[PDB]
Amino acid sequence: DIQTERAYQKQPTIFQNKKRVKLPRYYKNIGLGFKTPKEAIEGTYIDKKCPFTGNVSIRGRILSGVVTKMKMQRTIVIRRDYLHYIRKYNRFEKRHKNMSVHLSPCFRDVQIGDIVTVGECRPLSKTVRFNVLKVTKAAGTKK
Amino acid sequence: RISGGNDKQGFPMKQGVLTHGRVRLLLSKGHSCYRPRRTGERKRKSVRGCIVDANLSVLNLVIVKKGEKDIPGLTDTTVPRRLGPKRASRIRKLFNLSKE
Amino acid sequence: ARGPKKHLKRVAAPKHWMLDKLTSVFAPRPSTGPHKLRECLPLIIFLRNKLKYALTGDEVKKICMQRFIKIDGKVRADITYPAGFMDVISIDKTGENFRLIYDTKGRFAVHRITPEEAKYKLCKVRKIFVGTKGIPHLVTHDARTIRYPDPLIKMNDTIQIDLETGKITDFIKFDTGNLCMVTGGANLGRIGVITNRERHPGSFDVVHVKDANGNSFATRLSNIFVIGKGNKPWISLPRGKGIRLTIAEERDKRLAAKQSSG
Amino acid sequence: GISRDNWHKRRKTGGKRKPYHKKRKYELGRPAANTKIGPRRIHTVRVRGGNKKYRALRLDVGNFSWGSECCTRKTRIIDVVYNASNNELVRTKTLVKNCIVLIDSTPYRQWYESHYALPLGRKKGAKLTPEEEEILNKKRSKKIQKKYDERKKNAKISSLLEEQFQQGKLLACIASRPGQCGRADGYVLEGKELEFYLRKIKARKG
Amino acid sequence: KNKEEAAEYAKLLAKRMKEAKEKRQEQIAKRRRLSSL
RNA sequence: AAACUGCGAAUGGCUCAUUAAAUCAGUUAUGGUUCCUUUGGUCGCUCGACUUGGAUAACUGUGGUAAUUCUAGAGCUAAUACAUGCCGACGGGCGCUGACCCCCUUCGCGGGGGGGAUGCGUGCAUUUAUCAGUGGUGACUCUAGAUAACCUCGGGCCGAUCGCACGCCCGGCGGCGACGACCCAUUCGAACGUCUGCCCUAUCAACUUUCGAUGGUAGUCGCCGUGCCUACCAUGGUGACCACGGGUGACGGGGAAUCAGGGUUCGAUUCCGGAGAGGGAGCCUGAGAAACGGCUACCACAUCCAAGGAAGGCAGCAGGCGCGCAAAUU
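Residue numbers (the authors' numbering), protein chains in the order written: chain A, 3 to 23, 32 to 153; chain B, 51 to 150; chain C, 2 to 263; chain D, 2 to 207; chain E, 201 to 237.
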């Protein structure tokens with residue numbers, strides 16, 4: 003499956019050339043009461059940006075939003091809808107911000123509609139400052 | 051020994067610049083022909099070359115080899131060395147003092 | 002700006018100094034030191050504004066350079082030295098000794114003490130780390146880095162330190178029931194027993210504090226000190242005892258004192 | 002100069018910015034070190050905060066490790082073999098981080114032979130004729146030879162290492178950033194790492 | 201100063217290692233009491 | 001006095017041209033960074049000279065150019081400038097090495113349990129790899145420990161520094177400071193990130209993208225996080241919840257005027273933050289500058305000139321011209 007890229011793919015912590023006569035996996039608890047998924051601990055994949063099996067640290071803000079697009083490699087677009095109070099008219103207007111968010115392949119069962127929970131981490135890329143922390147599937151969607 | 055002097059527009063020579071005209075040179079601390087004012091200042095001056103032409107004001111000449119003749123302004127009167135040594139080691143070397 | 006600021010505008014100065022707005026454009030910018038800009042009381046402001054020995058700032062030069070003012074144990078010849086919380090200002094020729102503890106109104110009170118009291122101060126620990134060769138180091142609120150502290154001293158405790166040596170004597174654990182001077186926010190100067198530290202992982206931990214009169218309030222943990230075991234404080238308190246009697250109580254207690262004293 | 006500015010770049014949306022300020026200093030770029038194989042030329046920089054940074058421009062020695070059994074020795078780098086960045090930074094013999102380099106083995110071979118007392122590399126028939134390490138394959142007491150034999154139970158080397166050690170040239174991976182630190186340190190490839198990189202050398206080469 | 205502080209902490213740390221072992225052995229004596237209760 | 005050295009000159013002051021998710025504001029992060037200074041740690045932890053070396057300035061002398069805060073040659077002479085380097089603590093530890101050696105068991109081979117010379121290496125910082133998992137977090141690939149090495153000649157530290165008061169001690173021991181110094185911390189910040197918030201415009205409806213647009217992977221660069229930049233990839237990213245483009249007599253805000261309650265208009269202007277020093281650009285020094293009462297070009301303008309050359313930057317305080325309806329004392 004892995005070693006698709008030009009360079010070799012491995013976790014930088016775990017050393018895999020102890021002398022013999032399966033690769034042991036590095037993982038950590040993310041904190042803030044979030045359970046690390048079994049897939050992250052069990053998995054074969056390597057992703058440096060995963061908040062369970064990568065070099066990224068989650069701190070500051072915890073947001074949530076509906077998944078919109080799962081198009082490009084290892085990241086998705088969430089869409090955070092909110093109601094901005096204009097005071098003159100004592101009314102609200104429906105606004106949205108759609109942030110790019112990195113989606114660790116420990117979360118495999120994700121569909122466009124699932125309410126994803128994200129945590130602020132160091133800038134992964136030009137537009138991405140959030141990794142995914144857990145996934146709740148859209149209300150009803152089981153079949 | 052020719053130690054080099056001034057162009058007839060006044061611009062000083064530059065030790066090892068290897069031309070006969072004037073060059074505009076980006077000078078710095080630890081250079082000839084340039085005293086900097088601010089720490090790190092790096093002005094662009096005119097300096098005359100090292101090749102001696104008939105396009106000079108004054109040459110600076112330092113006589114190394116003492117010849118036959120006495121020469122009336124130079125070797126007639128001796129001016130004694132204004133200051134003597136200050137550091138203890140230099141005094142110890144001058145007078146040939148021991149280390150006890 | 003393209004480098005660090007060296008001035009401080011009088012109107013930009015922290016409110017608790019109680020500098021006016023007609024003497025000058027500038028306030029004294031505190032010299033870099035143990036305490037923060039917004040939390041320190043500079044020496045000049047403790048000499049010419051509060052105690053009123055000096056009149057000008059050149060007077061404070063003529064007092065501090067004579068090596069009389071001994072802030073927590075050591076002589077200071079810097080007119081803008083940041084004296085801050087719990088620090089002991091010893092003016093030796095008058096035989097006077099002051100501890101910088103907050104009045105229940107935000108400002109630092111002038112609180113005189115006994116020289117026997119002046120020998121020690123009380124320091125909130127900021128953090129603990131383990132130094133170069135398993136050596137436990139210990140950083141306080143006035144940055145007094147202490148090597149080899151007692152191992153039962155944790156992050157938010159206090160330590161009664163002797164000024165003449167700079168060694169710990171006794172330490173108050175951050176536990177529920179212990180006295181608390183609040184050293185930040187709206188509740189600045191308030192005194193009361195710690196009731197419930199409420200943990201907020203990733204965010205700031207709020208800490209409820211019940212008063213001596215029962216007027217319970219709350220604060221962010223970072224703004225909270227501990228001054229005593231249970232109800233008994235380890236310092237002498239400034240008059241009012243960190244209660245903050247209300248504007249109505251202040252008014253009728255001014256009226257009562259204004260008539261009764263005469 | 003050569004700038005490291007976020008503000009010269011188009012926004013997420015695709016709309017392009019205007020500069021509100023001119024190039025700041027703290028957005029330095031500096032030209033690439035582009036360090037080569039050769040006799041040591043390490044220039045120093047002065048960087049943000051009056052700190053030093055060691056521009057390697059030529060670098061040959063490197064403190065490479067042999068993780069399998071913990072030893073790490075200063076060794077001469079001989080070639081750049083493969084780079085996962087560019088195919089040109091192999092043609093142009095440029096040491097960068099995560100370069101694959103041929104290094105000498107003789108410090109590692111001297112160690113292996115001065116710890117396990119087993120001739121490693123070295124074809125059959127080809128003896129050590131000068132009599133240097135024939136002395137350091139024998140000549141113990143009773144219980145010291147016993148200790149070496151108890152240790153010698155765990156001296157099986159991999160087939161790939163055993164083949165590389167024969168040529169006197171191991172494959173190692175630069176873990177340092179020679180342009181920054183001025184060192185060409187790293188680790189010797191073993192196992193599925195070495196299988197992967199030998200397949201990539203074989204893929205590009207033939 | 202380095203030597204005296206090291207010894208003076210070593211005696212204080214020793215004292216708190218005896219306090220910690222008495223607390224440890226009390227909670228393992230409570231495990232022997234939860235088998236007895 | 002001068003002069004070398006050190007420190008500052010990156011603050012203050014001025015102005016508001018540019019700038020419309022920028023700036024700015026509230027709100028967090030820095031477990032992603034840097035930090036002169038102060039403050040407190042640390043500063044015989046390394047097992048390996050009672051003080052060293054060459055200058056250079058001020059000074060004296062010889063000048064040259066029409067001219068500059070221009071500088072040249074010569075003769076001396078200092079350092080907390082510039083280098084260079086010990087003794088001490090210091091005697092030994094601790095890891096490998098391993099000659100040699102004593103004992104117990106087997107009649108003996110063998111297996112264990114003790115001392116063991118010489119040699120190697122050793123501290124904090126550095127860079128890489130490996131092993132175990134003191135104190136700490138909500139979470140570290142944290143801090144600390146162990147191993148193996150490295151340690152740049154454009155070079156980390158480990159004090160060749162200076163003052164007051166003088167003493168004790170059959171020559172040795174010390175007080176009160178000053179300055180210096182690697183690293184940790186602290187203060188002062190800075191820098192880049194989080195969340196949410198901006199005027200008019202659709203006679204601007206699709207825009208961005210193999211001269212990087214959004215993302216992946218590996219480097220380079222950078223103080224560090226990041227398409228910041230390179231190489232190979234993937235085809236993304238944004239928009240009728242108004243993107244994208246254009247305009248603004250647009251620096252943002254705290255605030256100002258008006259005012260039943262809602263509002264409307266203003267904010268160049270003394271506090272905060274940003275920006276710029278005629279326009280762009282590049283850089284030296286330094287902890288901090290892409291500095292302009294620093295330098296280097298180009299463009300525009302303009303000064304002095306023996307016509308060879310040199311010097312300039314008031315959107316600092318005054319003041320002058322010009323521009324204007326419009327604004328003060330060299």
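Treat the hints as calculated values from the structure; they're not laboratory data.
The beta carbon of each residue, even a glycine, is placed where N, CA and C say it ideally should be.
Treat the hints with caution; some may be incorrect.
Straight line, CA to CA, 30 Å or less: simulated DSS-like cross-link-like pairs of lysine-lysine [unchecked claim]: (1) 75/D / 12/A; (2) 107/A / 13/D; (3) 201/E / 128/C; (4) 22/C / 75/C; (5) 254/C / 242/C; (6) 155/C / 211/C; (7) 230/E / 134/C; (8) 148/D / 21/A; (9) 53/D / 24/D; (10) 148/D / 58/A; (11) 98/D / 128/D; (12) 23/D / 37/D; (13) 21/A / 170/D.
Derived DEER-like restraints, expressed as beta-carbon distance ranges [what the hints assert, rightly or not]: (14) 105/B / 80/D: 49 to 59 Å; (15) 20/D / 8/C: 45 to 55 Å; (16) 105/B / 88/D: 51 to 61 Å; (17) 200/D / 16/A: 20 to 30 Å.
Numbers of the earlier hints that this structure fails to satisfy, in rising order: Numbers 4, 7, 10, 11, 12 and 15 - these are the hints that the structure violates, sorted from lowest upward.
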